[PDB]
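Take a look at this single chain, the form deposited without the ligand, given in structure tokens.
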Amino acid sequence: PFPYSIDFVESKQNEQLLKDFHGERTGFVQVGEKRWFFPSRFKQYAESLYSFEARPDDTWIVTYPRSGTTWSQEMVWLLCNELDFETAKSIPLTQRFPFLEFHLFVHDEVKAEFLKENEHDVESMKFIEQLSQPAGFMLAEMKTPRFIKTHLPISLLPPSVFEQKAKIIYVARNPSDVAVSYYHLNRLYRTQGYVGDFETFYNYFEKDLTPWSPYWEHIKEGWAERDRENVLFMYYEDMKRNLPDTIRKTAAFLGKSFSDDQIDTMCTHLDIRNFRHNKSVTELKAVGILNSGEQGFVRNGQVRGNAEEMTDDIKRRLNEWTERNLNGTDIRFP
């Protein structure tokens, strides 16, 4: 029984969101007192998501979007699979490390466009249809330890995750870098279908009218669980600043043990230079669900601490938003 209210966004805001977000064609919902933001299919799948059955040997990665999720998944999958680089290379990360709630973001009317554009390839069409099915069905069938990615906040996780004490890695990333990266995610994924500029996107993000917002409630919930024995909380910039410490610490949290030589191969694999050529960074592309015109940011990233999309006005608003939300907490980005 799904315990929280699911209400459509107020009529006029909902109308404006549909003008700017072409990946959704019915509308957007806000969930419970914190008003967690989702497209319409959340209402259809809320019960089946919430009653998903975690296992005590599951490894969950829980992040706000573009908070180091793909890099962490690659690091974690390898640490839990005896550094099997060959298997990691040959099987896509989306199969090795499925995304619990991706199916929320495949609207029937957008799916029909994808199918039209791939109508002459039966395998492409099966792939697209599967995107719209819950990952939970194939996860439930697995008889080996599972690796689950989600952006669902702590308060919307299946209660079975904490009941079973499944291990959770929570990664937090500073809101300036999240805003710019999440903007690019919204342009890259036609399931989002965002058409506007960075400033219009920041306006939505600051109002918690982007999926999995409120951002600050996401971070605070993660911070409020980090003391549990089955939760490891890290800041994105700390993880990237010291790969050897990140790898050892993560390995230790997961109950795994590796040599200096093994830690070194994992540092090489996860180095920004090599990771830029990793398959998990570049299937979605082949059926044209990724926008091939938006691979600029994928190839190049942002100028560190001064994204070209950033304006002094938006910088100042990010500072004030940060102050309002972190005042009277001990949360501090590196």
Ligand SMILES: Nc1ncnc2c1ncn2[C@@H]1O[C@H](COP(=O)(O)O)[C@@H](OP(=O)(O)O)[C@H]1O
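Basically, rigid core = biggest C-alpha set you can superpose within 1.5 Å across the two forms. Shifts are known only where both forms have a C-alpha. Positions refer to the first chain, counted from 1. First, how it differs from the form deposited with the ligand bound.
For residue 56, the Cα coordinates differ by under 2 angstroms between these two forms after the core has been superposed.
With the core held fixed, residue 301 shows a CA shift of 2 Å or greater between these two forms. Segments of 3 or more consecutive residues in which every C-alpha moves by 2 Å or more between these two forms, counting only residues present in both forms and fitting on the core, are 279-282, 295-306.
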Given for the second form:
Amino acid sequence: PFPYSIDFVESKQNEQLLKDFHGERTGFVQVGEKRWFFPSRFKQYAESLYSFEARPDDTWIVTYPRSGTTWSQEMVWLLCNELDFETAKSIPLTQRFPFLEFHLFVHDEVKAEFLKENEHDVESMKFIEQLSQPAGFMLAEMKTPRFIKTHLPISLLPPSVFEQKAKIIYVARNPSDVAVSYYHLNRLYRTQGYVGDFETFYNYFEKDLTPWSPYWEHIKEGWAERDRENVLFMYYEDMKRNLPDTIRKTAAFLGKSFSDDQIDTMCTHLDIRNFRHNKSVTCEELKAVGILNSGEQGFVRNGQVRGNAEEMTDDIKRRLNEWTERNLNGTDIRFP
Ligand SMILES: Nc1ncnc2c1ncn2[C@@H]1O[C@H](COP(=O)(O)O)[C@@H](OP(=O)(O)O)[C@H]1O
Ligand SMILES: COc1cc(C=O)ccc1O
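Next up, the form deposited with the ligand bound in place of the form deposited without the ligand?
Below is the entire complex, every chain and molecule, led by the chain shown above.
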């Protein structure tokens, strides 16, 4: 029994959201007291997601979006499969590390547009319909240790995750970097279909009117679990600064041991210079059927901490600073 309320967004704000975000064509929902924001298909799959059966030897990466999930997934997958770079190259990351809730963002009306554009390639159409189905099925079939990506906040996780004491890597990135990256993602992915500019998109981000917001609640619930035996909390920013330390810390958490030389190999493999040319971690399967707008910046983009952003303005930076102070006041959360 899915225990939290699901309410369509107030109708006038829901209308504006439908005008700016063309990947959704029914409406947006807010979930529970915290008003967790999602497209209409959350109402439809809530029960499936909540009752999804975790296993004790699952490895879960939970993050707010564009907080360093893909980087972390590749690191973790290799650490838990004897650094098997060959298999990592030949199986896509989305197959090795399935995205639990991706299917929420594949609307019927929008899937009709993908199918029309691929309507001559039966395999391309079988792939597109599969994107519409919960990953949870293929995952339940698996008889090997599983790797699961989610942006579901702690409080919206399948309860079997903590019940089974499965391992969770929670990664947090700073709001400024997340806002700019998230905007690019919303323009890149036709499943989102965002048309407006960064100023408009930041205003939606600040009002928690983007998928998986409230951002600050997502981070607080993360931080609140970081003392648990089965949780590892890390800042993207520290992971960028000291890879050898990140890899070794992550390996220790998962109960794995590797030589200075294996860590060195992993540093080369996970450097952005090599990673952005890596077949298995760029979304080649998705770009092949036209789900990605090719024009935009790429799912593996820059990977910088507080790097140059043309989109960012003094007025947005000052609001981001204020929004940071109202939310982090009387907590010990500090981005490095
Ligand atoms: N090998 C790597 N090193 C550092 N950052 C990486 C990386 N691969 C991907 N990223 C960055 O992680 C962010 C996306 O995170 P996620 O996987 O959670 O969507 C993007 O941020 P930018 O758009 O700031 O470059 C992306 O470029
Ligand atoms: C491939 O990763 C993602 C895809 C989407 C598409 O709507 C949203 C969030 C993600 O993290």
